[PDB]
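Enquirer: Using the sequences plus the hints, can you model the full thing?
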Amino acid sequence: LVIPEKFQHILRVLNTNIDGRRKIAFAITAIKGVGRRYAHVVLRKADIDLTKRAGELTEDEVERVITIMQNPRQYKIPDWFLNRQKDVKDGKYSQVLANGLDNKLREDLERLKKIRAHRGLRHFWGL
Amino acid sequence: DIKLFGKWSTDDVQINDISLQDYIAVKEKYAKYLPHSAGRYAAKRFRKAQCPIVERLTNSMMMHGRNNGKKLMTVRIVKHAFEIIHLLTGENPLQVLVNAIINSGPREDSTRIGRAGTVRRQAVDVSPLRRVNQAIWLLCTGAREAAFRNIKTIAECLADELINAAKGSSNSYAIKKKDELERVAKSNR
Amino acid sequence: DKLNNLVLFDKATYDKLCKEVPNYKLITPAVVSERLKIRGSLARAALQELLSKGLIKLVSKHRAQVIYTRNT
Amino acid sequence: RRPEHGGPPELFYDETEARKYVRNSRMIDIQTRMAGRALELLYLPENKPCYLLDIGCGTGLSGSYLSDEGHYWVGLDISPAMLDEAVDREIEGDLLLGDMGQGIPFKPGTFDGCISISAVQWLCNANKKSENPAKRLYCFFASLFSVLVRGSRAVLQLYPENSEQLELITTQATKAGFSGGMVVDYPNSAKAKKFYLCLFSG
Amino acid sequence: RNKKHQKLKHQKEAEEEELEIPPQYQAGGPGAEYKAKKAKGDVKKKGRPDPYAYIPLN
Amino acid sequence: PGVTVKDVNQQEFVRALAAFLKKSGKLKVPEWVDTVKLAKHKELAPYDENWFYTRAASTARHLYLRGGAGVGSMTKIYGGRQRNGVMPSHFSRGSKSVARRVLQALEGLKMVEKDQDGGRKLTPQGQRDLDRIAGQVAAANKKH
Amino acid sequence: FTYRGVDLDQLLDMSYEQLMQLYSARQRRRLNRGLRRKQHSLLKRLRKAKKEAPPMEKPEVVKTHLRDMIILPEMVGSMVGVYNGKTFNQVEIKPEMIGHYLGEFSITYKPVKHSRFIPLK
Amino acid sequence: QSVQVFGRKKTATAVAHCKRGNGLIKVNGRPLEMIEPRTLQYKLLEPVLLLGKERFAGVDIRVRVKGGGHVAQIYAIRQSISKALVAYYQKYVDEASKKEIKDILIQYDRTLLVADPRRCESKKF
Amino acid sequence: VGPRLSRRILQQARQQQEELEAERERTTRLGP
RNA sequence: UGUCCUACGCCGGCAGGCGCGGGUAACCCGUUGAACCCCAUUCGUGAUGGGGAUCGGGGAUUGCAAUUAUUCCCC
Ligand SMILES: Nc1ncnc2c1ncn2[C@@H]1O[C@H](CSCC[C@H](N)C(=O)O)[C@@H](O)[C@H]1O
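Chains as they are written, first to last, in the entry's author numbering: chain S, 3 to 129; chain F, 16 to 204; chain Z, 42 to 113; chain q, 6 to 207; chain K, 1188 to 1216, 1229 to 1257; chain T, 2 to 145; chain P, 15 to 128, 139 to 145; chain Q, 8 to 132; chain w, 50 to 72, 83 to 91.
The hints are simulated quantities; they were obtained by calculation from the structure and are not laboratory data. Built from N, CA and C at the ideal position, the CB exists for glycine as well. Treat the hints with care, since some could be wrong.
[Claimed, not checked] Cut-off 25 Å, straight-line C-alpha distance, at most; resulting in silico cross-link-like pairs (SDA-like, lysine to any residue):
# : chain 1 : residue 1 : chain 2 : residue 2
1 : P       : 52        : P       : 105
2 : T       : 27        : T       : 44
3 : F       : 85        : Q       : 75
4 : Z       : 94        : Z       : 44
5 : S       : 91        : P       : 142
6 : F       : 44        : Q       : 113
7 : K       : 1245      : P       : 105
8 : q       : 180       : K       : 1241
[Unchecked claim] Here are some, though not all, of the chain S residues that point toward chain T, as calculated from beta-carbon distances under 8 Å:
#  : residue
9  : 39
10 : 42
11 : 43
12 : 46
13 : 83
[As the list claims (entries may be wrong)] Listed below are several chain q residues computed to face chain P (Cβ distance under 7 Å; list not exhaustive):
#  : residue
14 : 45
15 : 200
16 : 203
Expert: Below, the structure written as structure tokens:
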């Protein structure tokens, strides 16, 4: 059809720019920490048509998608589907997306450095 | 009546070049339903001149690696290209292909010769069989290099190349290659 | 340079396609895509949309190539 | 097999070939690398902005290298399309659409150095009937010898297809007044077989 | 078989240069130490710089 | 005189049979019908969210054509080509759980029954139901 | 400090059989296959070395070749020097060293730490 | 009265049984407008489109096909069908009719009654 | 034809003839 | 080719576990239901749904032993 009057070309989701001129199942994939498969399941759990474009979602569907994103386990998303299943410091099934992934990688490498294992010393000798 | 693809008549097809009449085989003995025959057409010299020319084009679309052996893909491409040609110009695509081959064949080429350090070009004439061969090869190369990275299907670019080569316009890749080959051969008499 | 084909129809583009597409003597998603600056999915969907109104004649359909023509 | 065997250099390097040339990542890397060795092999006055002549500039790849080093230059090319895309790359040095074999049109003793990257192997093949390989090479070398400030070296990177090619080039250079030799950097190495005819004019 | 090909290709290069030389005198006026025995290639040395080949022109 | 399944276009047969099984509504759809890839060589989930109906229809058709097949035969049948990274591709079977669940759901429909010589096969209810829907498809296609 | 939401004290109280439920899959497989005589011997040796240690500073050095030893929660605070093929390297046993083998903390290899002709005539 | 012939390509072998009938033509229990590749569909109907449906109006043929690939199976199907028709009009119908049939089958496509003697080459040590 | 192809063809023809010719509890008690 | 090849049933989403059978073999895997290919859907010239490397976490399997990732699965 034609353009609606409320088409948003760029979305601001989890401090990430989302190109609205894309399919929703791949515009969500454009967020770090979300791939194609996880975006597909989070949009199917929200009961949202995948033929429908991302840039003209209303605010309610965007907020419901986000609430499923930071809360997967509350919406029957399986335990084995997540990024960090058994976190080493506090074991809980979680899904870090925007800044949590970069941070948690940083203290992962920092924990590897601080114990002077082979992997941390090798990776920080690599640069 | 035998018609290609259940639609395409071969009775009104005529060849306007007397050189290529015995080497373009589209007539009542060579009229076939499909460009797929799987015949032993290269086991003896000059045998491939009796091949239907649509089958020669189909065999020459199976190029560049990934497309080797995919003949059903190429007969699909040929069928869609023939439909696009008919729905564009309103005239039978067999005559369009025959005219494109006739206007696409180089009539005069060059040969690299040398004795020691002195490498030159000698102008020679081109046999009708090699005329047909380079015409088919340049048409396939023109279509393939034409699309390759755009929204245009291989069938649409192939149809456009046969249409513009039958017209003899300079926009075709095959016509430009024939023109530069004949220009070099004319400058190397 | 970089193509900037549109993803949903603007008003002027929709009007000019609805008054220009059913007479091209060649209707195919690629050609309407390249002459209307439309991404191929939107051009495709517009083509079965125009077929739904009976303004467009299908002559063959394939998974790789579907081709149309004018009515008369 | 070889770009040179295709035919006339201008007809070979058309708009299509020019587009593919700048799109080729290897072209960019190998040409800048060869121009680096070229500027090093020719012993240009150290810490001195030089005035070189690009005998085969093409896309201005070797030319852009000289611009970065601060050495002003003048380009020469038979391909119009390649010179168009070279000026689209906005190179600092001037350009000139001319033939090497015909002759370089500059005052005897003007250029302190000359950069030629993959362009002299095209002069050993007569693409036309009037074209004479020996004469074309000799005339070019004689013009270069004069144009080059007597003493300055003219590095000439070439890609020989046989010994006859190299033989012709060397004889037509030594008899034109060009002295020096040829530095084949990494001779055993095949991917690094780089033949540079170092030719000083004095 | 390709080894003999390459080797005497280089030999024909050398012979054609050595036969260029006498008419060059009349009408007018290479990696040997860098060869590796164990392998085909080009090995660096410490006393001499990176591999090269100088064939002077007369 | 009755038109047989083998006399009907197979893809339209599968589409109409999936529509019929969705219309009946007696299929036991598992909870994880949304969150599963159909085999390890897949990359994304199927876009057709009613994939269980189509897979059950295809399974019923296959057991009509060649009975005595078990779970492993179904994993062989819907197996495909796994692209192994920068390694050469290979052949990988389908997921066993999806085959077992479609077989048990079709068995719970009384559509499919076990046999003494092996796995599953058709019921006479299954045979005459497929014949009836094949007659419907042949009427909708051949008579038009 | 906490490990999988579990602190060190009840980690020391935590039983051997369900200690595997917080460890990783390789870890759980190894503990299912059981520690052999050498590992139990070094366990006894570490416990003995922690026994007569004076209660203000760390115990003495225990040297071993057991690179496939896993750090167990009871070892936290031991002074272990493990072999790398040539020499022994001494390491602390920190609480966050729990999931890693001993052989990771003595690297067996050293890192790799690796003029143009111009013609004058 | 009935006959049984075979046709073949590289490794695809088809066996055709020919009996009196009304014009029902079957391969593996399926019609010839149902055998999997439609792109080579006219390769299946070539004896039908040349010889006419009136000459097929009084015959039933059933073909069992095994081996090869899709294209080779189609070629075996058409070879077996043409050989079955030739055999029927040789054994139980007059000789001259078989003569014009066998003729027109030859000058259209010579492989319709003789197998192609091409197969994959072996590799030696 | 050759051995393997003819063997497959013979088996196909035999099976086809059998399935054209084609178109209970075993007798545990011997007496009628 | 096979006394490690495997049919079948159950559990798990997947690697994979449990049980019960056949095969020392044109008998069982196996009417070797292979991949390209064919049909239909989505994608639209964009280093992008092309391309997959290198990395973080978790599960499983073979072994006395997997750490410098044996291998496999998922994100
Ligand atoms: N006779 C001749 N006169 C002028 N230019 C010539 C020539 N023969 C060949 N050339 C030039 O040789 C070039 C080959 S490519 C040279 C460009 C160089 N490799 C770089 O990118 O830095 C072409 O651009 C062509 O124009």
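Enquirer: All the hints need checking, so say for each whether the structure fits it.
Expert: A quick look at each hint next to the structure:
1. P:52 / P:105: 20 Å, holds
2. T:27 / T:44: Violated: residue 27 (chain T) and residue 44 (chain T) sit about 30 Å apart, past 25 Å.
3. F:85 / Q:75: Cα-Cα ~17 Å, so holds.
4. Z:94 / Z:44: 30 Å, violated
5. S:91 / P:142: 62 Å, violated
6. F:44 / Q:113: 12 Å, holds
7. K:1245 / P:105: 42 Å, violated
8. q:180 / K:1241: Roughly 34 Å separates the two Cα atoms, so the pair is violated.
9. 39: 6 Å, holds
10. 42: 5 Å, holds
11. 43: 6 Å, holds
12. 46: 5 Å, holds
13. 83: Nearest chain T Cβ about 7 Å off; hint holds.
14. 45: Holds: closest Cβ of chain P sits about 6 Å from residue 45 (chain q), inside 7 Å.
15. 200: For residue 200 (chain q), the interface hint is violated, since the closest Cβ of chain P sits about 14 Å away, which is over 7 Å.
16. 203: 5 Å, holds
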